[PDB]
Amino acid sequence: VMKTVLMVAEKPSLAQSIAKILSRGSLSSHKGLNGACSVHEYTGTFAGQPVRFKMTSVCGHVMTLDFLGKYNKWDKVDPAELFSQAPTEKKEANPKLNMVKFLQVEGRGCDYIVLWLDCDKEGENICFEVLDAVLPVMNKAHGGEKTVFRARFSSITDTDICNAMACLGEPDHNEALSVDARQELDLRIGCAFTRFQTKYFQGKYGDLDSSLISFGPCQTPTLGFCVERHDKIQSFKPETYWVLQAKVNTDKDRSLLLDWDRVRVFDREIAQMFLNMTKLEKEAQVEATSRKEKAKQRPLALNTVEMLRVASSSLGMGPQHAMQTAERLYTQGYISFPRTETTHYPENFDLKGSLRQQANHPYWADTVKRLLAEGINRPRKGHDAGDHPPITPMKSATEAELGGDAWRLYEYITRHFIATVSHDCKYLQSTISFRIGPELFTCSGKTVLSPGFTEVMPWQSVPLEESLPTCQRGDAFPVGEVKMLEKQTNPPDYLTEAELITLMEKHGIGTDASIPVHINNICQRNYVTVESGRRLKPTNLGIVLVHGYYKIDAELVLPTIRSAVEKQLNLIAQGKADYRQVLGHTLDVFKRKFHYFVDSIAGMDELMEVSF
Amino acid sequence: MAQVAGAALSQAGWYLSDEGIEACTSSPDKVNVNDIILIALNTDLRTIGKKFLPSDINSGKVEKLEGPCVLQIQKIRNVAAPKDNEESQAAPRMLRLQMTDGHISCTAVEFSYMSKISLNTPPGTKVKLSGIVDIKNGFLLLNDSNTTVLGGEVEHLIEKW
DNA sequence: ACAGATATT
Ligand SMILES: [Mn+2]
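Chains as they are written, first to last, in PDB author numbering: chain A, 0 to 611; chain B, 1 to 161.
None of these hints come from the bench; they were simulated from the model. Please note that a few of the clues may not be correct.
To be verified - Covered stretches of chain A, going by a simulated chain B footprint (3 or more residues, C-beta under 8 Å):
1. 37-50
2. 98-111
What the hints assert, rightly or not - Think about it this way: if two alpha-carbon atoms lie no more than 20 Å apart in a straight line, the pair counts; the simulated EDC-like pairs of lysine to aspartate or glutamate are:
3. A:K278 - B:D134
4. B:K136 - A:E438
5. A:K236 - B:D84
6. A:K198 - A:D604
7. B:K136 - A:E268
8. A:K231 - B:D84
9. A:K486 - B:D134
10. A:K231 - B:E87
11. B:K83 - A:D230
As the list claims (entries may be wrong) - Ranges between beta-carbon positions, derived for each pair:
12. A:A294 - B:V154: 31 to 41 Å
13. A:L586 - B:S118: 43 to 53 Å
14. A:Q284 - B:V33: 25 to 35 Å
15. A:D492 - B:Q98: 29 to 39 Å
16. B:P54 - A:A294: 52 to 62 Å
17. B:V154 - A:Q428: 40 to 50 Å
18. A:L279 - B:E66: 47 to 57 Å
19. B:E66 - A:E465: 24 to 34 Å
20. A:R434 - B:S118: 24 to 34 Å
21. B:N85 - A:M393: 43 to 53 Å
All residues carry an ideal CB built from backbone N, CA and C; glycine is no exception.
Let the sequences and hints guide you as you build the complete structure.
Here it is as structure tokens:
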């Protein structure tokens, strides 16, 4: 009489968090056949009949996409055959966890399956894989009825009930195919190119033996950024510019230093003239004094990109190391989900509770207590994206229970959160304008008024200047030694990891979880070297690769091609464009490009012959 | 008509040779001052003119220039910007103007915002200086109170990057 | 020997 019901979530954590809410405490501990999931039961009614609920999880992405076993061997397949003549199959990821058979044996009831997975394209892919696995074993539909349903949510606290009753839609195959198309394109576009490059360079140059030359839609443009900065650094000529600097004596020995209104003069005789109009004159008047209140604006909510940038710049940690530490912290439960691009706080967020948790640490105790007593400012409005909340602390931590890089990242996360909650910095910018002849100079100083987030991030502080004199216009300050300083333009330095991550985000190359992987890949393939302040200096291999790519059909390195392919994939997902047509079109276009590359490789060969 | 035309051009501030005026003279023997002004302004100055500036104008020991004077711009460079950029807003725009009278050359510095001479001004553009104008360390000083830009048009500046 | 992207607990 009772009708069986099936439900699937993405991780057993969500399984607990959803069953405990939709079951009102009536749960079960029924560890599954795989040994890594859980099955939960309940009694309910969705269609006017007693239905026995069942709810489990498929941990992680279920099935991956890879070539058949015949074409994986490098010495038996021509690389071009990987474009259109190579079949591709969906293997089961981590086969030791028998997920497909687990789903098949758990699926025996009809009239209900819903999908409490992530609400993104990855979630659509996973859900359609689950449906593919589960339909052939489920009970047959009796006449006309709907068996497959989908639930959409951004939070799992109280929206779950309304999703359970009202918001019961269907999955979207059009968007679920965009990720499949991306996987197929990326696998076929790589693999073939890297196999050709590896088998070519490992048989022609001795020093490249047992080395891997890799091409990809995200790795190669990443290397190209560093190589173009290398081109700029070695294609720059220093230029001499003269800056005229004069100092005045305010009261006794204050020695106020001024800077010229015209910041530089790229000529010798002109600078000498401007000195000759100023050197022999002994007094200095003042024309304008301005005191203005300005605000240094508080930081936004933390996201993965800015966390990685700060870890690279200030903390001194690589992107992959920072991501691993963040994942470890999330696993232990100290912080929230660490891969999120959401600089905005949800409306129903316990900001006061999160700040009150951090009220017993001898580094933030006074600030947090004062903030809770006085009041908390609303956080800055940011760019919401719906992919999980921003990184925030979730539990009190101390040096003893975690130390090293873990604590060094937790400190920054907590301080960023407190700064986001705290007030705004205010400083007086005092500018004084002197006249030392037919020439104008200025002097600027900053004086803090109310240190806000500065109190919790003592590296965004306003530097302490020794204040400026209160001049009332018409003064007659004596001058000192008006000197013409000689300077050279400084060449740009190599890309820092923060700058590279910014370029990735701007050009759309990589995602929130693949940026550290791409950077580590270009570091470990002996393409770039990390030097000094996390500067990615390109190596000879990177220079020769990117320069040869520029000589040979230079559009396989520019960042715009990945954006164009992503626009095509979005057109696939929305529904305006088809799937097979665009798949074949892109595959044939890049097959033509690869056929050009194979017979044009002599340019890269002769560009490598100068090196090893 | 030659004498009155010469006097009129002298008053107007153009110093052109008799042969230059005759070349600028149209087909009729009757010459209109505005017409010859327009025709001469359209032409390159190096062909038509007379010695105005002192022979040591580019050595500094002059310090003064008097009376009206028409000059032709040849090269304009933004001194306050690097040669690579030439359009950076990190400095107030200071222009070095290579001015010619057809026989010698002088160099002038902007020294103040003009809003009439810009980096896009084509070579051959003609400028009139009125009243006493200052020369220091062999450089003319071009404030806005004496430089009047007469809209010129000459076929130079064909190639620009 | 590969793409990219994600990764229970
Ligand atoms: Mn996921």
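Status of the hints after comparison with the structure:
Three residues within the 8 Å Cβ limit are the bar, and the region 37-50 of chain A against chain B gives 0, so the coverage statement is violated. A count of 0 residues in the region 98-111 of chain A with a Cβ less than 8 Å from any Cβ of chain B is obtained; the coverage claim is therefore unmet, three being the minimum. Distance check on the hinted pair: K278 of chain A and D134 of chain B sit about 19 Å apart at the alpha-carbon level, within 20 Å; holds. Our distance criterion of 20 Å between C-alpha atoms is met by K136 of chain B and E438 of chain A, whose separation comes to about 14 Å.
Proposed proximity of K236 of chain A and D84 of chain B is supported: the alpha carbons are some 9 Å apart, at most 20 Å. As the CA atoms of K198 of chain A and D604 of chain A are separated by approximately 13 Å, the hinted pair is consistent with the 20 Å bound. Taking the CA atoms of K136 of chain B and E268 of chain A, the gap is near 10 Å; set against the 20 Å cutoff, the hint holds. Among the hinted pairs, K231 of chain A with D84 of chain B is consistent with the structure: their alpha-carbon atoms are about 12 Å apart, no more than 20 Å.
The straight-line distance between the Cα atoms of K486 of chain A and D134 of chain B is roughly 29 Å, outside the 20 Å bound, and the hint therefore fails. Between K231 of chain A and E87 of chain B the CA atoms are separated by roughly 19 Å; this keeps the pair inside 20 Å, and the hint holds. The suggested pairing of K83 of chain B with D230 of chain A holds, with an alpha-carbon distance near 18 Å, which does not exceed 20 Å. A beta carbon spacing of about 53 Å between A294 of chain A and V154 of chain B contradicts the range 31 to 41 Å that was offered as a hint.
As the Cβ distance of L586 of chain A to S118 of chain B is approximately 52 Å, the hint placing it in 43 to 53 Å holds. Taken as a hint, the range 25 to 35 Å is violated for the pair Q284 of chain A and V33 of chain B, whose Cβ atoms sit roughly 47 Å apart. At about 36 Å, the beta-carbon gap between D492 of chain A and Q98 of chain B stays in the expected band of 29 to 39 Å. About 57 Å separates the C-beta atoms of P54 of chain B and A294 of chain A, a value consistent with the hinted range of 52 to 62 Å.
Between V154 of chain B and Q428 of chain A, the C-beta spacing of about 48 Å keeps the proposed range 40 to 50 Å intact. Look at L279 of chain A against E66 of chain B: about 26 Å separates their beta carbons, and that is not inside 47 to 57 Å. Checking the proposed 24 to 34 Å range against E66 of chain B and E465 of chain A shows it is violated: the Cβ atoms sit about 50 Å from each other. Range check, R434 of chain A to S118 of chain B: about 27 Å between beta-carbon atoms, so the 24 to 34 Å window is met.
For the pair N85 of chain B and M393 of chain A, the beta carbons lie near 49 Å from each other, so the given range of 43 to 53 Å is met.
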